[PDB]
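Have a look below at one chain only, the form deposited without guanosine-5'-triphosphate, in structure tokens format.
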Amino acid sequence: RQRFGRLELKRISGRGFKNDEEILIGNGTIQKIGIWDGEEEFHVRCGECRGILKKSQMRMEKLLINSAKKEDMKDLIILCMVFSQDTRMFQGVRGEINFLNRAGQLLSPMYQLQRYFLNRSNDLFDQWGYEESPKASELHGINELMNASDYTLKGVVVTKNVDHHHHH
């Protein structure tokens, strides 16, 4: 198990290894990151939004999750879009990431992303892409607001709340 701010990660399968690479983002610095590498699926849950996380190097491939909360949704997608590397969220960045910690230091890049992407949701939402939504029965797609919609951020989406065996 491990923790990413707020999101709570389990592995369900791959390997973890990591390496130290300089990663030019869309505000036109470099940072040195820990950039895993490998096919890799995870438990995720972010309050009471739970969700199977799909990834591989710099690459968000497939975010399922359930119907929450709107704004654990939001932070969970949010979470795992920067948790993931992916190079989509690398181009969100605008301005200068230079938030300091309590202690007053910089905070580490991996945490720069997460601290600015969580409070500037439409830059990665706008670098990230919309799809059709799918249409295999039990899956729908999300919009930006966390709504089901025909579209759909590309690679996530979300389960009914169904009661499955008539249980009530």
Given for the second form:
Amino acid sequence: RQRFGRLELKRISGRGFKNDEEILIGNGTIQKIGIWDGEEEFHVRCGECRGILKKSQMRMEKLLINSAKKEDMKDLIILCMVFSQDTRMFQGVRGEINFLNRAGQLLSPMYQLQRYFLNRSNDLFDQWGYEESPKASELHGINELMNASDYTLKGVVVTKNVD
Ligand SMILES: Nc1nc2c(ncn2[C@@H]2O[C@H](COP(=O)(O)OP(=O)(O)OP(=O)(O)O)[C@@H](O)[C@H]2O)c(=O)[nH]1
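We have the form deposited without guanosine-5'-triphosphate; now please give the form solved in complex with guanosine-5'-triphosphate.
Zooming out: every chain and molecule, the one shown earlier first.
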């Protein structure tokens, strides 16, 4: 099991293979990043929100989460978008990613990105895009307010709390 900031993950399936790549991100800077290749699925948790994450190389394919405190839902979605290394997430960077840690050093790129988008989720969501919500009975779409809606952040769905 693994941790990516407040994101907690447990592998469900697949294997990732990391390759160092130079990535040209949205603010016109080149970052060196271990890019994970391959299909992978993870149980994911952030605080009280739990879900299933499906990803492939630089692509979040699907994110299924439960209803929870909105701040936990939103952070889970963002952390999953960053963790999946989605190209839309890389392209969403506008500002600088030059955060210093409590030690005077630059955070590593993936941790810059996590810190950046948790701070500027609109830069991510505007870049990410919306699509028609699934109409499968047990799922609904979710907008940037973490409200159920007819449109959803692409690839994200929420389960209803049903007894
Ligand atoms: N897609 C994918 N990402 C992983 C996997 N394992 C670790 N990561 C992520 O890849 C990055 C590098 O993590 P590691 O190789 O485990 O170790 P690290 O380079 O010291 O980085 P940290 O452990 O996060 O401090 C981290 O952001 C992890 O979240 C994996 O199996 N699949």
